[PDB]
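Single chain ahead, by itself, as structure tokens, in the form solved without ligand OGA.
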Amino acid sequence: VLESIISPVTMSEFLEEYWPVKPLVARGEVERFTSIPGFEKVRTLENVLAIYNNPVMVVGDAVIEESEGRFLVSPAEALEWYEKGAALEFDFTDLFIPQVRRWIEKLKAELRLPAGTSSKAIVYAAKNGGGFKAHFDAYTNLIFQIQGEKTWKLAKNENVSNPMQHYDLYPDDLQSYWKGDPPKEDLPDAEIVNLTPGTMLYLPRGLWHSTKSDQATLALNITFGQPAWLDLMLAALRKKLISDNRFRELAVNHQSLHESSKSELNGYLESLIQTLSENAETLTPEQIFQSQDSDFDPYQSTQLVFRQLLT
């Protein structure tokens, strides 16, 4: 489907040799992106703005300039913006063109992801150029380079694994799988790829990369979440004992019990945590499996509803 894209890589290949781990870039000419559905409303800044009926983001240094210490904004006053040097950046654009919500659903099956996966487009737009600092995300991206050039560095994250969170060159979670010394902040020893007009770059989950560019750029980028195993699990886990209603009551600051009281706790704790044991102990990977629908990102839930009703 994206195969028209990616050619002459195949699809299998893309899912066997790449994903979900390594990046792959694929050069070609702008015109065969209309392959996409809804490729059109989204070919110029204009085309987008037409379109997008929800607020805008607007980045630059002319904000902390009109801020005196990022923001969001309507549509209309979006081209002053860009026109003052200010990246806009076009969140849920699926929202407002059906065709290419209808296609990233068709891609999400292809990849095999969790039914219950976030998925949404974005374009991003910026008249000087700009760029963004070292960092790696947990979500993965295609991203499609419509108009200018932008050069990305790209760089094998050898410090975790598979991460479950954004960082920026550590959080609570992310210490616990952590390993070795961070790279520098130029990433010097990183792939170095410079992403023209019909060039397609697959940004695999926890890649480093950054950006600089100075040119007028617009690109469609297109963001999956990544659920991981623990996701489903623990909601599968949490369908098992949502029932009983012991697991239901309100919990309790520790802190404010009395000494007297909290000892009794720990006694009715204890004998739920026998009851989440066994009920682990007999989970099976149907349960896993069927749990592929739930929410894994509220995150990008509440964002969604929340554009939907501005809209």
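Take the two forms, superpose them, and find the largest set of C-alpha atoms that agree within 1.5 Å; that set is the rigid core. Residue numbers count along the first chain shown, from 1. What changes on going to the form solved in complex with ligand OGA:
Among the candidates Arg102, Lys84, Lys239, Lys156, displacement between the two forms reaches 2 angstroms at the C-alpha for one position only, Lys84 (superposition on the rigid core). The Cα shift for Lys133 between the two forms, taken after rigid core superposition, is smaller than 2 angstroms.
With the core held fixed between the two forms, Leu283 has its Cα displaced by under 2 Å. Superposition on the rigid core between the two forms places the CA atom of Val56 2 Å or more away from its counterpart.
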Given for the second form:
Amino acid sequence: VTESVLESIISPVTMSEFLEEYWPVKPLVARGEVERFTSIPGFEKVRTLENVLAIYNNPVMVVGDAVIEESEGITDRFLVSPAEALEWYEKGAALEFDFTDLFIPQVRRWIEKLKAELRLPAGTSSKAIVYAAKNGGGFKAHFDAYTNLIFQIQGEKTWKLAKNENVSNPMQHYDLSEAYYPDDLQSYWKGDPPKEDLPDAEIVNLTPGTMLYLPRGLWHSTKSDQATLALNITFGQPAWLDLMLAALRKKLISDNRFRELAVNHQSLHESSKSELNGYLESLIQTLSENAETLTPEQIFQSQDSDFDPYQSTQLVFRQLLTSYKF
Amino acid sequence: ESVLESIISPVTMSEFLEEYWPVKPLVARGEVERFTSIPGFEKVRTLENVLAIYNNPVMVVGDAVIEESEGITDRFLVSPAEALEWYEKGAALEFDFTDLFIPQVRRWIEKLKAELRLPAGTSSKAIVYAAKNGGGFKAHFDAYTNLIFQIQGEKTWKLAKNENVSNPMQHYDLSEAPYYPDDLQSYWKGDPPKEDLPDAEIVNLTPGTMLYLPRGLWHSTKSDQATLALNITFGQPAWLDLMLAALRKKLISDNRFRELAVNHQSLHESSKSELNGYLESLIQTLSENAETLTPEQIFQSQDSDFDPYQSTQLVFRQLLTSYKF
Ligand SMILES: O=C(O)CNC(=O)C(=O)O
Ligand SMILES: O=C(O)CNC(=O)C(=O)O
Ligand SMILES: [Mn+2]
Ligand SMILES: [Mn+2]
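Having seen the form solved without ligand OGA, please provide the structure of the form solved in complex with ligand OGA.
Full complex below, order starting with the chain above.
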């Protein structure tokens, strides 16, 4: 059958069904034999923890209660060498091998293809990540501003999934162990947080060969009683706001008045403060008039902008680090 | 209004702010003991000391890297323990965010930021540069500004007034002169400078010389023999940065603006028409909120992140400060 890699994996669900009833809002669980994952380019290289370790020349994130206890409560995660990560792994810390696509770079082709098949803006952030855990490790209840296609490779992993009644379309991460909401999030958080154990969540056991589509914003937590290994393909979720502000900035960056250095008005004398306010009024009027002339075509024309400079910077930095042998 | 005074004397801080900052370079010569006023200066006064304290990836830059990478790149990050090998091959070493290891200097940098009237959120750091054997950086301009303190050796700087772009918002290497980033293209005027910046000012920076290097000024560097310098590097956030931050904060509360965007030419004709009306409506709302913008709201955003490239690198490096390289 002339099928896409994604189609091959979610069969007998069609890609149209996926796009109409699941993406980008509802989770999908697709079960089957792990061998159908072998059409993912580079899968054989990340099929076992020993294989991932043989190729992954980068720092590894470790997360969990052992980190909280060692750090005397300062943090729940460290970035460490692959070797040290194995020491933490034995203490039940979850290991995250981020930007695994640097080390199976053939998957990058596929990811870009999948990004187009999902009709994501070209500029959307995308990567592969490997997650490994044992001894009850994993992640406590949280949500992400990203969506994931999750391919369970080894072991049985317990996911909790709950609808998020507090925020629609979150644009930042949040750990439920913060109960305090960060600034932007505070502006659109509604209602009471869920309990730490997500008591109303759906529990899903992921086994080898299970693919889980995980939409952005769902509350989730993970636990690996025994050793597990999974490969995630992780996508940004650029908002209309992202594209609109990129388009507006493209219209304004040409104007030297907008490129001039900004000034902290705090130290200024009152007359200078007022003059700055009049200068800024001029800018405000011009910004508003450029916003008023914004068109759909211009918004679409900025779909190839960098909407996640945090992810892009982390990719560049990790690429530069490959010159050290971790 | 005091921190720089003893270093740029006889230039006064008022003269510096009115006549030089943020557009024209200044060269202040004097005794290097001046620099003892900077917290932690003793700890970066030789390359040995820097290497003793700097527990982070070190950037190495130059011909030796071009060779090792078979032409792919001129830079990469290595361990402090491997950096000296590259230095001996004439690669320039960049110890980025050196202020992570001399925390003392943060207070100083913050005072300077306040003195210069920079937005509170402006990026700011210390960087040490070391090179020998003709190593350094080829002709380019930065979107950052730098206060440069020459500690050791005689370093050849070329400096050239930028006649092409005012207040650039990104980095540019003169060597890429066929190609121009889209944004830069939209405000570049005229022809790029000539190869090797023939009309440049040549300035030999000797120990105790401080160079103020404004954003956008063309420069390049060469260390014939060993050199060591400390930079204090500041972002240059534009009014556009604060204003778009303020506008985003007004809109991020509205779920319509947080909804997932789509690839235009992936969807059907019916869908392509159905998106136009929704986007026209959103554009109306964006415009209405832009018309509500006040100077107060712009200033209330001065503590935002205007430089995710720098902030991201800082967080990453902070997670590596006790890494066993
Ligand atoms: O895989 C895990 O243990 C945790 N993964 C996530 O939270 C995620 O993919 O967003
Ligand atoms: O110090 C050097 O050799 C090069 N430095 C710069 O380009 C800079 O400070 O912007
Ligand atoms: Mn998650
Ligand atoms: Mn420079």
